[PDB]
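The lines below spell out each chain.
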Amino acid sequence: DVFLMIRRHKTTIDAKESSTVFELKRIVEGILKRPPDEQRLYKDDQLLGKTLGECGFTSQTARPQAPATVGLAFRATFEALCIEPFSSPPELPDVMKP
Amino acid sequence: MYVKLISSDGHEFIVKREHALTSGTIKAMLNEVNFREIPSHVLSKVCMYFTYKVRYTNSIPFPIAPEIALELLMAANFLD
Amino acid sequence: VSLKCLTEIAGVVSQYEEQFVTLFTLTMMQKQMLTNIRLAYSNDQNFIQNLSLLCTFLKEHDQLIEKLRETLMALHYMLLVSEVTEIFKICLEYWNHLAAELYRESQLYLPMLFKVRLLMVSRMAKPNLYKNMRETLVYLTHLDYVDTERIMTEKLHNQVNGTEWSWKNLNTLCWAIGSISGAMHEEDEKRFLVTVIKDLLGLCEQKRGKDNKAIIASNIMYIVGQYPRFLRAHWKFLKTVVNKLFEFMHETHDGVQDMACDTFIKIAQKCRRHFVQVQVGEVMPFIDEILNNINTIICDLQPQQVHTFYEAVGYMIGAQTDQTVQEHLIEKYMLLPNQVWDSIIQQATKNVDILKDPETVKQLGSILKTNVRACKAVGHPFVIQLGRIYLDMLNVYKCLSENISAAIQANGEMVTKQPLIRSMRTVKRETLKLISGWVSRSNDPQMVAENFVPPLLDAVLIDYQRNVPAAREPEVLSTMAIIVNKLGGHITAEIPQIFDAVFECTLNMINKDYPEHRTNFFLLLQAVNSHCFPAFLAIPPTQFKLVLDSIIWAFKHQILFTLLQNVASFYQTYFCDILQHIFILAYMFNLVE
Amino acid sequence: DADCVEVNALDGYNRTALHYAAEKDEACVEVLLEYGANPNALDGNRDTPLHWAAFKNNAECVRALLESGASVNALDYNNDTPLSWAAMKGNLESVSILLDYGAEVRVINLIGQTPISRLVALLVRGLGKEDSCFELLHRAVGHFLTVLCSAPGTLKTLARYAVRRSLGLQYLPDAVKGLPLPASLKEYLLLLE
Ligand SMILES: *[C@@H](CC(=O)OC(C)C)n1cnc(-c2ccccc2)n1
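Residue numbers (the working numbering), protein chains in the order written: chain L, 1 to 98; chain E, 1001 to 1080; chain U, 2001 to 2593; chain C, 3001 to 3193.
It should be emphasised that the hints constitute simulated quantities derived from the structure, not laboratory data. Using N, Cα and C, we set each Cβ at its ideal position, and we do this for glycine too.
A few chain U positions that, by computed beta-carbon distances, are all more than 12 Å from chain C:
#1 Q2015
#2 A2100
#3 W2167
#4 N2171
#5 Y2390
#6 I2584
Some but not every residue of chain E turned toward chain C, in silico, with C-beta under 10 Å:
#7 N1058
#8 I1064
#9 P1066
Please work from the sequences and hints to get the whole structure.
This is how it looks when you write it as structure tokens:
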């Protein structure tokens, strides 16, 4: 298996490592209705037919409790990847500090 | 099939109704839900927890950080 | 000696109570002499022991002293001497007396009885002195169970803590714990047993060395063997200890197997009821499960251990009221002995020479020992196995006798003491013993006379008649007696031949000074006199005269008195002549008068 | 006897008077502590007075030791933490006190046992309040019977375990108060539910 995350702006969204990024794009199409040809995806900070195994996505790297992540863009011209980071947690109470 | 979850801070997440139903609160509420109190990081961690619970239901390897721990406890109390 | 004379004075009438008081005071005053009395004794001791005796003064005159109370609190001196086996026993006698008295009473002595309670547990002996200690202690616990449990837990912990780790202390404490059994109430029993079980398991896990673990396990097994009531309420721990004993049966160290087997059979007797029952959550009566595990459990056990395990299983089977399930239990239970027995019988029908193998006869002897134990445990329901093996067993017995004769002809009876001959004779004796067991516990002596006894006589009577006194096994007579006891009535028609073939030969062996044969003859003759006195009179006139002569030899060496009772020509023949021999008499005087 | 009682000297058994006091009563323990008895003295097997107190279930001695700075998770030569002994004997109260002091459940002794493992073994014997002790252990660990093993468990109890772990080796009942939590959740952290 390979559990994956995808992000774009404030918006967030698994397969087999043997699977390829195109079927993941098809999943993205079904979810958001932007066909794969108007989707482009980025592994790490790298703009991804590659099988998820050869994209670097591995189950040990892609567990459900620690899934992999991907950036997404659409043909608006594909926009520069815009992903808005999650809010940070507040200060840890001193009693809970190490 | 799918369901959308909005964090209090406006971050947005999508899963299958399947996983979201792991929360009793989700089942009580149900296409989309906005949690005007759950921050983005907590909501993302909860999505991870749903996926992990599904993947190891009646399987077990779950990480937690102290900073998010209290928020996670309160949010779990909220979401069953 | 001065003390002993005073002791005798104190040994002997409350009307002299003042004297009995003043004496006690003055001797107590003459404290002026006496401190570690145990030390003084250990390092003219006799004075201390005589001072202990005083013990019997208060056995009597504790009543007259109750009538100087601080001086009585003497009792401390009684403890001092108690610290000193003879002196300790002297003290223990009064301790038991006082404990029983105060217990059966329903305040003066209780404020310090705990001191004695501590003393008893400390000095507890291995299971008369032990009984007195046990009796005294159970009286004390009936005065307070709580303090007894507290003290036992304290010392058990000190052992667990390693503060006092010692085989001796462990053994004595466990002995006292076992002694308390029955005195405790069932709920307090449960609590205390749970505490002690956990503590013992703890010190078992903690301690290294298979020797230490072995002693701890033996103590645990003893204590559990002393508390069937708790085991019944905790059938879970009962199954637990059963499996643990199975484990110990596969041990090879310090005879643990034997010990385990011992423990096993004990509990097997005291809760047989429960094994034959489908207990809470059980798919089956647990006994059946054992009947399946047995093959494995015995794979490490020795023949005596096998006998003990079979006997316990037999008791448990006997607990099975349903004779159908009981038949199934017996079938499975004897199958392995039955299987080997069938193999031997098949080999015999292939060739008699199998019987002429020391190996074959030894296998048969093991089978017979197992069957004897099983019948002893089961009773009549064992009839199924008995009938299963009866005919081929008697054929084997006859073949054994034939081969005994075939050897004897070569050296006279001196073929005896040859190991094969010894084994064959032992096998015949055990066969007779098994027959005796079941027949004594037979349901229908008519059925026995129809199916069992006549073939037995065919195999036994004429053979014994033709045999030589050593091959003429005494047990035969015993068996016959038991037959007479059961087949009283039916047995009548067989009495003549029985005496024709056997009574003559044993009489030849009895008129001499074969003691077991002679004792069996006494009992068998009295049995014939009682059960079948009509047959007794019907004895042929020659054999009847020989019977009277045997009686004469006997009391010339109760049966005569029995004959006098029953017989009420004979008198003018024997009574007149026997009168001089005996010179009952009131009976004789009554008869003539 | 508190009235009857170098205090920290290890005796011929290599143990302190405080060990005996712990095995006997909390009053003597308190008197010794007042006289400066070291709670963390290690005996001939490096079992603390806390270890024996926990085994004896002398809960009052346990609380007195812990309140005086006892080493909650000291490891003897067998490396059995006092929780390990308390669990292997299966007594409840002292186990609860240890859990409130944040004793570590997830531990392994040289024997290769966990305290919950030993408690489970005791329960299997049918001798076992012991069910409540098992319940406290389960709530403290959150997840470790088969269903409780195959079930990943609630996110809630996982968060509770993480929070307690963060609180560390201090008195949890007092610490949880400072947390900005409803009284219900503060109680939940203390495994009272
Ligand atoms: C501890 C281990 C043991 O078996 O000791 C020796 C190696 C034989 N032990 C002793 N007795 C027991 C026990 C357990 C369950 C039921 C009865 C006795 N365990």
